[PDB]
Structure formats: structure tokens, C-alpha cells
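Read off the chains here:
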Amino acid sequence: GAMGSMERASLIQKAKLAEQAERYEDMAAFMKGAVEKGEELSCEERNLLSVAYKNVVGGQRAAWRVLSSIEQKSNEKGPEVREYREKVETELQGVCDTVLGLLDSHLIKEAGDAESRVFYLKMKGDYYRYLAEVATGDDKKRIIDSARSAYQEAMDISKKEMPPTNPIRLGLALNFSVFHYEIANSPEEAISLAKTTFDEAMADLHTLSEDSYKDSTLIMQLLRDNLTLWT
Amino acid sequence: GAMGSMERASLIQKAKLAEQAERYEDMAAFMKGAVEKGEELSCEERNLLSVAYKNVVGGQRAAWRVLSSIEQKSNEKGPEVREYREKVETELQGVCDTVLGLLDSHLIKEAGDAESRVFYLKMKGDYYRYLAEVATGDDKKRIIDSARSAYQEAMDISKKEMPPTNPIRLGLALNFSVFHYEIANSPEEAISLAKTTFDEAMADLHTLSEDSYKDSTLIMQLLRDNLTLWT
Amino acid sequence: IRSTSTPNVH
Amino acid sequence: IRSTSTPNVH
Ligand SMILES: *CC(=O)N1CC[C@@]2(CCN(S(=O)(=O)c3ccc(Br)c(F)c3)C2)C1
Ligand SMILES: *CC(=O)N1CC[C@@]2(CCN(S(=O)(=O)c3ccc(Br)c(F)c3)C2)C1
Ligand SMILES: [Cl-]
Ligand SMILES: [Cl-]
Ligand SMILES: [Mg+2]
Ligand SMILES: [Mg+2]
Ligand SMILES: [Mg+2]
Ligand SMILES: [Mg+2]
Ligand SMILES: [Mg+2]
Ligand SMILES: [Mg+2]
Ligand SMILES: [Mg+2]
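Protein chains in written order, with PDB author numbering: chain A, -4 to 71, 77 to 231; chain J, -4 to 71, 77 to 231; chain H, 210 to 219; chain S, 210 to 219.
Hints are computed from structural coordinates only; laboratory data are not their basis.
Among these hints, one or two may not hold up.
Claimed, not checked - Straight-line Cα separation of at most 30 Å, DSBU-like style, residue types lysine-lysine; simulated pairs:
| id | chain 1 | residue 1 | chain 2 | residue 2 |
| --- | --- | --- | --- | --- |
| 1 | A | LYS68 | A | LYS140 |
| 2 | J | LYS32 | A | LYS87 |
| 3 | A | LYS77 | J | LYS32 |
| 4 | J | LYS159 | J | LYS141 |
| 5 | A | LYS68 | A | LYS87 |
| 6 | A | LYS32 | J | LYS77 |
| 7 | A | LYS160 | A | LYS214 |
| 8 | A | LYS32 | A | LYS11 |
| 9 | A | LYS160 | A | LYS109 |
| 10 | J | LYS109 | J | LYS141 |
| 11 | J | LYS77 | A | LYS11 |
| 12 | A | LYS87 | J | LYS11 |
| 13 | A | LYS195 | A | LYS140 |
| 14 | J | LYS11 | J | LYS32 |
| 15 | J | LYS87 | A | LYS11 |
| 16 | A | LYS141 | A | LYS87 |
| 17 | J | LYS87 | A | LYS32 |
| 18 | J | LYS68 | J | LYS141 |
| 19 | A | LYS159 | A | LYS141 |
| 20 | A | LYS11 | A | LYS214 |
| 21 | J | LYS11 | A | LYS68 |
| 22 | J | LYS195 | J | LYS160 |
| 23 | A | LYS140 | A | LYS77 |
| 24 | A | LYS214 | A | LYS109 |
| 25 | A | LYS87 | J | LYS87 |
| 26 | A | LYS141 | A | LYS109 |
| 27 | J | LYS68 | A | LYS11 |
| 28 | A | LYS214 | A | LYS159 |
| 29 | J | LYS11 | A | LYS77 |
Chain A with its partners taken away, still in its complex shape:
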């Protein structure tokens, strides 16, 4: 592809520049190029990949929600709202497919540390979840199952291999709880997971790490905020 001729180190460098310039589509392209070199990503590099694609898909989800709301309200009319919602939807699905493709073809492996394996399986769950937000019919049930299965595998590893305050473990649990509440229509499972996650993190607060405690405490608060919203 388009990044084939560029050195890995140069792609990482340009991803960082694109982040500074708030050029997230470019950032995502650079990081895809870096992934396709076929070497593992470090923690910091996984962050770049994550930030880039989350920004791109986040803009699409926000746009999709606006248009879907106009559409639903207009179904209480020409084809234009539906057409444009479908256009944005198609682009969103394409970005999710790209991410899921990278995860499957390059990033998800049996080897590597717990952090990397959990992070990538969390990411697989997230991008299936984003597909599930716009899916209908047959496709939707399948997508939801794929999301659940990725999250559950990530959860199994995180509980065995990571401290209960680890930010990836916490972020995974937060996102899985959101899946349960918003996607799978299982509020009780959502509440239970979020409560267990928060309580176990507090009980072993001493496991906070010097280099990530700010991220941990932020996710702990987001768990508490959802618990307040859901009860």
C-alpha cells in the first residue's frame, strides 16, 4: 500500500507529527503502514494506533448518530437523509473492517505479554461493538457474538495475568460493561461487571503503578459514573 516505501521509524515519527497536527486520518494511515511492516508494536506505538483510529471512528459515530436521529424523527419525506446516513454508515463500517483486518492479519497473536494480548482483544471487541451500533438483522446477532467473544477472551487473560488496577484491564472491563448495557441489553451484567471491577480495584489500590496510576484512577471514576447513571 501507500506506506510501503517508507521506513517503519519514519512512519512512527510522522504518526506523532500527525497527532500534534490533529490530522487523525493521516495518523491512522501512518500507523497502519507501521503495522504492515510486520513487527510488534510497543505500548507507546499501540497508543498511537489506538488514538488515531478512535478519533476517526469517533467522528463517524458522532455523525452517524446525528443523521440517524434526524432520520428516525423524519419517520414519524424524500430519500436524502437515509442516503446520506447510509453513506456515513458505509464509511464507518469500512474503517472498522480495516481495524479488524489489521488485528486479525498482524496484531492478535498467541505470543507476547499480557498487556499486548489484552489490548488487541479489547480493541477487537470495541470495533465489533462499533459495527454492532449500526447493524441490523442477521448481521447484527453475529457481530454482537463476535464482540462478546473477543471481550470475554480479553477478560479471562486480564484476570489471570494483570493486577486489578491495570489501566488496560480496567478500560477493557469498562468497555465490556458498556457493551452489556448499550448493545446486549443486559443492564444487570453491566452493573455487576462495573461494580466488581471498581470494588476489586479499590480493594487492591496498592497495585497502582507509578507510570499509569492517573489512567487507572480515571477509568475507576468512569466506572463509578456509569454505576451512578445505571442505578
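Starting from the known structure of chain A, arrange chains J, H and S with the ligands on it as the hints suggest.
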């Protein structure tokens, strides 16, 4: 082009949806499609065109400035910063060329009301000005002359045909003054134009229009703010 | 109000 | 600080 099969009214409708969804590249593409139908744009439609392209080029300018600043600071080093700055620059120039192409091929005419003629010539000045921000050498002198000539023609029409509080007249004068200060390195001309514009608007304040006085008074304040900055 | 998920924070 | 130009509002 890609919007050739879509009805004009549908393109306008979708531009409005894209604006609501903050999808400004889409908005610009829809409005380009509408322009290419070859009918005049109304005031409201000119607004959609303006908002869309200004958002797109605004993001590119902001990104270019970040990268240019990193570049200048790194020249106190591999090629990556320069390369990526050039990439963003090339895209920005592409957008300006698109806009200038639309203005020349479709929108700038001898006929039509004063508002439309002034608006399009102002827009021509602005997009040459954006080209001038990133230009060098012979290309730059040509670009600056083109910007000045567009603005001056717009000014001549506005002073003959529009009240001194008209928001297009004021916005043109504001932007031409910025050209003088930031591009043409003529602070005295900038100050003089901004002062004259503000004072003449105040002197004939009674010409404010019921449907645009909020825009007028906003530009008057921006003239004052620049005058405070420049003195 | 949608549930909050993991933010895109560096 | 850069001079302010016409904003992208209406
Ligand atoms: C070390 C490693 O692999 N990391 C750290 C950063 C990141 C990229 C995104 N996450 S996350 O989704 O698990 C997460 C995001 C935000 C926050 Br505040 C958080 F605690 C976790 C892990 C890859
Ligand atoms: C009637 C007409 O042709 N209009 C009204 C809106 C607009 C689109 C952009 N301008 S402008 O650049 O002259 C301008 C922008 C903002 C403000 Br607050 C302003 F007063 C003027 C005119 C086209
Ligand atoms: Cl469409
Ligand atoms: Cl580049
Ligand atoms: Mg390489
Ligand atoms: Mg669809
Ligand atoms: Mg204990
Ligand atoms: Mg046609
Ligand atoms: Mg040195
Ligand atoms: Mg150049
Ligand atoms: Mg001089």
C-alpha cells in the same frame, strides 16, 4: 463529477445535513456539486459553500502552522517533518485550487446583485491569500498580486453599491486589512483600511439591516480588535 | 445520556 | 498573535 447524477435540491439538502453532522468535507463536495449545476447560488447557499470550504481549509491551515513551527524549530534532523509539512501543504493548495476553479468557471460573473459579486471576489481574495501563506518565490508574487486584485475589485463594487454596514462589505474590508498586515507587509495600509471601515460604519450606523445586523456588529468588533492589536 | 466508554486519552 | 479574519459563522 461524482455529484453529477444528484438533483441540485438534494445536494443542497445533503449539504445542510453534513453541516449538522460536522462533516465539512462532505458538505464541500455537495456544494461543489450544486455549483456545477450552473445555476446561481442564493445568499443562504453561498453561506453553505463558504462554511464548508472554510472549515476544510481552516483545518489544513491549522495543521500546516503546527508542522511549519516544528520545522522551523528543528532548523536550529531527518527529512520527515519537511516531508509531512509538504504533504499537508500540497493538500491545502489542492483545496484552494478547487475553490478558485469553482469561482472562475462558475460563480464570478458580470451579472447578478452586488452582494453576490462582492462575495465571490472576496472569496477569490481569501483563497489566494491562503495560497500566499504557504507560497514561495515567483509563485508567491503572482499569488499576492492575484489576491490584491480580487480584493480591490470587490472593494470598488462594495463602496459604490452597498451601505457601509453591509456585512459582506465589512467582512471584505476586514479580510483585505488582514491581507495588508499579514501578507503584503503593509501595516499602515491595514490600519488605515480598518479604521476607515469601522468609522464609516459607525457614521452611518442607521444603515444596519434587520436581517444582518448581528453579523455587521460582529465584524465591527473584529475590526476594533485588530486595530487594538496593531496599535 | 449514553454510557461512557474508555476515553481516547494519550 | 495572528490578526483575526472574518469568522466562519452566519
Ligand atoms: C501499554 C499499552 O499497550 N497501552 C497504553 C495505552 C493503550 C492505548 C489505549 N489503551 S486502552 O484502550 O486500554 C486505555 C485507554 C485510555 C485509558 Br485512560 C486507559 F486506562 C486505557 C491502552 C496501549
Ligand atoms: C447573503 C450572502 O451572500 N451571504 C451571507 C453569508 C455569506 C457567507 C460568508 N460571508 S462573508 O464572508 O462575507 C461574512 C462571513 C461572516 C460574517 Br459574521 C460576515 F458578516 C460576513 C457572507 C454569504
Ligand atoms: Cl449521499
Ligand atoms: Cl509524508
Ligand atoms: Mg521499515
Ligand atoms: Mg447499511
Ligand atoms: Mg488484597
Ligand atoms: Mg447530471
Ligand atoms: Mg545534535
Ligand atoms: Mg512548497
Ligand atoms: Mg512596505
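Next on the checklist: Please list, smallest to largest, the hint numbers that this structure does not respect.
Outcome noted: none
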